[PDB]
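In structure tokens, the next block holds one chain alone, the form solved without this ligand.
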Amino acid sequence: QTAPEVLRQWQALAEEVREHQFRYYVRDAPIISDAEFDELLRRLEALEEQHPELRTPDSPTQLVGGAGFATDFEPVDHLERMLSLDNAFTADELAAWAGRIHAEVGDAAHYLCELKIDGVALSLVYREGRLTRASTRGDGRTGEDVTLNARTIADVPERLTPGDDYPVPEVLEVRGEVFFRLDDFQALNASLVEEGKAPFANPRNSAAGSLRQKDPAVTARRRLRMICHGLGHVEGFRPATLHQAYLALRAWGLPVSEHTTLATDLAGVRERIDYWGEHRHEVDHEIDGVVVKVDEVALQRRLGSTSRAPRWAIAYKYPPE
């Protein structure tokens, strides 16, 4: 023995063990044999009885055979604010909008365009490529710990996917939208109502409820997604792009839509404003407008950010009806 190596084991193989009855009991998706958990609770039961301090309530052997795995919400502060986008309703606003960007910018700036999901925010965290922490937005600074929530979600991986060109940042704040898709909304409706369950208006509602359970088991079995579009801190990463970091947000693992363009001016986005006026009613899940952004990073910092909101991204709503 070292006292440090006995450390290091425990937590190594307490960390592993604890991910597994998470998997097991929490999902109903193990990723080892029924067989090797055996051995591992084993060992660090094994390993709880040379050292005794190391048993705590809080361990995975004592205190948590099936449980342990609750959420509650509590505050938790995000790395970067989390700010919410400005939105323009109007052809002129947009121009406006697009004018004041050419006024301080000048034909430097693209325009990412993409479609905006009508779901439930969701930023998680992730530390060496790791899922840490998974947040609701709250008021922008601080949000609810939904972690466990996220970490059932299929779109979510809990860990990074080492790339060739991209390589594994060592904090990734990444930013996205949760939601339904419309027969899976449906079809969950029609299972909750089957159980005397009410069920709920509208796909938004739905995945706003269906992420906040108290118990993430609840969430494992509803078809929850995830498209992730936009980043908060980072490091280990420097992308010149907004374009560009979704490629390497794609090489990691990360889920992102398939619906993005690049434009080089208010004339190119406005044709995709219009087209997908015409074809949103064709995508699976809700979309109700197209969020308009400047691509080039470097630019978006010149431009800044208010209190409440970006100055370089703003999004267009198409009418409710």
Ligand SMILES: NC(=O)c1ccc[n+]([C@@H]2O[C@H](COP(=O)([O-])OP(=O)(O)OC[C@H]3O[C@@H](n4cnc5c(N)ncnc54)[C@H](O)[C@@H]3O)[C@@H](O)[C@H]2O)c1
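The term rigid core refers to the maximal set of C-alpha atoms that superpose within 1.5 Å between the two forms. Residue numbers count along the first chain shown, from 1. First, how it differs from the form solved in complex with this ligand.
- For the listed set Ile32, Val283, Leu266, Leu262, the sole C-alpha moving 2 Å or more between these two forms on a rigid core superposition is that of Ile32.
- When the rigid core is held fixed, the Cα atom of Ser305 travels less than 2 angstroms between these two forms.
- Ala240 shows a C-alpha shift below 2 Å between these two forms [criterion: core-superposed Cα displacement of 2 Å].
- Once both forms are fitted on their rigid core, the CA atom of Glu296 lies less than 2 Å apart between these two forms.
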Second form
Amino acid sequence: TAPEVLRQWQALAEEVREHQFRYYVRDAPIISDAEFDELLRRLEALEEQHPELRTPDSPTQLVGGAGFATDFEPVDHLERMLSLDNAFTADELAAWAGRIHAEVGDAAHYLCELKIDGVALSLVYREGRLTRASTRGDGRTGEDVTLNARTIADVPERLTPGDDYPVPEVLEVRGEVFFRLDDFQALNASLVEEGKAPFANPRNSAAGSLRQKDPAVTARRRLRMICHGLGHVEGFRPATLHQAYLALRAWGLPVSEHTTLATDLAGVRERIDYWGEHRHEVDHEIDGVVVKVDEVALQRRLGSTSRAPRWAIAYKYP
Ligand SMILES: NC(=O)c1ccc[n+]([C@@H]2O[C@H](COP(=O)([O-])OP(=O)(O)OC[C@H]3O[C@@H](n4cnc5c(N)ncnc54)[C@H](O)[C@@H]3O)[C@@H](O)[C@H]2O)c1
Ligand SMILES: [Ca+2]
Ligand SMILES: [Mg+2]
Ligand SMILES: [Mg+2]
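Alt. form solved in complex with this ligand, vs. the form solved without this ligand above:
Let's see the whole complex now, leading with the same chain.
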């Protein structure tokens, strides 16, 4: 029934939007990430089954966080800041790799990174000086948390020039802000002893600690950061992500030591199996592995959707 299917879509879309608000705006979700993911998959399946439900501002097409207002100063990113599509099974991973191979061939190599379950942050360095830091927001416009980001010890005020890597005129770099697991638990126990509510989990603790109107609150908390992507850059043309990370390292920016470069899907699957067994050994919350086409020229050819790059996928663990 066209009437009945539409009401079903409306209820599900409204529910998805409610939880996106609770997660992205309040850092206070009321259901688990797994439950949220199933709701979003249900919405997508409803749209695939009934094409008349495809609507441009559905949660299935937008960066989570779109459509909400907040108390922070809005600031436009220099380049779109996107989400990631997911693989929850081996079949979904292999379907992605096949699609890569069908478009760009065997030339693609695959960078395999730990997917940090933190809060996204975008930093802008102008002539080597940190001038702005922003949350993802709706992917185009973020929230100004520059003063909060300056308090993070991992985030430098100034880039250190290298002889091999001159400082770019403009560097927009993206990464994850997070707590180590012991610090996450210590903050929750500290909050509970003060009578306040603890955070649900490491992600919301990090996001809530970063998104503070008073940056002194952020300063008291041992936030960490790892850079894992590039936005707009001027005066720097890395040919590959792994070469970009060499420059970021040289400049004094934090990069993960756990990343590996695989030549093919078999190599990628070996690394995903490895972290399935060893992710409990990482001192911060990991919700998967991000697989990325390493060659920047191939990323540009693969492109991106309205909400995620086509050249990367997040494999998510159970
Ligand atoms: N529980 C709830 O009510 C609720 C509501 C909305 C969303 N969520 C959760 O939010 C997530 C989906 O939203 P999302 O758009 O933030 O997606 P995501 O976290 O699944 O993937 C995209 C994000 O991965 C991050 N990331 C971490 N490590 C990375 C790496 N090495 N390389 C690149 N990026 C890396 C980036 O910040 C990027 O924004 C899911 O985990 C979902 O369950 C939960
Ligand atoms: Ca979302
Ligand atoms: Mg409700
Ligand atoms: Mg996340």
